[PDB]
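K.L.:
What follows is the residue order along each chain.
There are 2 protein chains.
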Amino acid sequence: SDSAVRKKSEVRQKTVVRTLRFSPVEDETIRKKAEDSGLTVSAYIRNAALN
Amino acid sequence: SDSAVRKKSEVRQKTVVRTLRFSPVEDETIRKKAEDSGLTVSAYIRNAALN
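Read top to bottom, the protein sequences are chains A and B. The deposited numbering puts the first residue of the first sequence at 1, with every later residue one more than the last. The deposited numbering puts the first residue of the second sequence at 1, with every later residue one more than the last.
Derived from the structure by calculation, the hints contain no laboratory data. Where a beta carbon is used, it is the ideal one built from N, C-alpha and C, also for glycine. Be careful, since some hints might not be right.
[Claimed, not checked] Chain A is nowhere near these chain B residues, computed Cβ spacing over 12 Å in every case: (1) 1; (2) 4; (3) 5; (4) 7; (5) 9.
[To be verified] Covered stretches of chain A, as calculated for chain B (at least 3 residues, CB under 8 Å): (6) 4-16; (7) 20-31; (8) 36-46.
[Said to hold, decoys possible] With a straight-line cut-off of 25 Å between C-alpha atoms, the simulated DSS-like cross-links for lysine-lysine are: (9) 33(A) x 33(B); (10) 33(B) x 14(A); (11) 14(B) x 32(A); (12) 32(B) x 14(A); (13) 14(B) x 33(A).
Full structure from sequences and hints, please.
P.N.:
In structure tokens form, the structure reads like this:
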């Protein structure tokens with residue numbers, strides 16, 4: 001059930017949703033880097049990935 | 001049930017497990033840098049965030 005000018009129901013999953021994992025070492029480094037910079041780990045990850 | 005020298009059942013989840021979401025703009029860029037660098041998006045993320 002949709003129409004031309006009324007399709008706000010769904011589009012596509014713009015965002016990517018995946019289960020990512022890391023070792024205790026990588027996590028330790030990232031956790032310390034994130035907190036020192038005053039950026040949460042999620043922001044730190046995506047930030048470093050684009051910068 | 002354990003023993004001092006037989007405790008390999010579940011010490012601690014040293015690996016981290018989380019859902020890290022990414023926008024389509026970021027996802028496309030990460031897909032492009034990862035593939036151009038000849039790395040998987042996961043390796044690219046972890047590597048860029050550690051260095």
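K.L.:
With reference to the structure, classify each hint as holding or not holding.
P.N.:
So, going through the hints one by one against the coordinates:
1. 1: For residue 1(B), whose nearest Cβ neighbour in chain A is about 26 Å away, the distance exceeds 12 Å, so it holds.
2. 4: Given that every Cβ of chain A is farther than 12 Å from that of residue 4(B), nearest at about 23 Å, it holds.
3. 5: 22 Å, holds
4. 7: The claim stands: residue 7(B) keeps its Cβ more than 12 Å from every Cβ of chain A (closest is about 18 Å).
5. 9: 18 Å, holds
6. 4-16: holds (count 3)
7. 20-31: Our answer is that it holds, as 9 residues pass the Cβ test (under 8 Å) against chain B, meeting three.
8. 36-46: holds (count 4)
9. 33(A) x 33(B): Since the Cα atoms of residue 33(A) and residue 33(B) sit roughly 22 Å apart, the hinted pair holds (cutoff 25 Å).
10. 33(B) x 14(A): Judged against 25 Å, a Cα distance of about 19 Å means the pair holds.
11. 14(B) x 32(A): Holds. Residue 14(B) to residue 32(A) sits at ~16 Å (cutoff 25 Å).
12. 32(B) x 14(A): Holds. Residue 32(B) to residue 14(A) sits at ~16 Å (cutoff 25 Å).
13. 14(B) x 33(A): 19 Å, holds
Every hint from the earlier list agrees with this structure, and none is contradicted.
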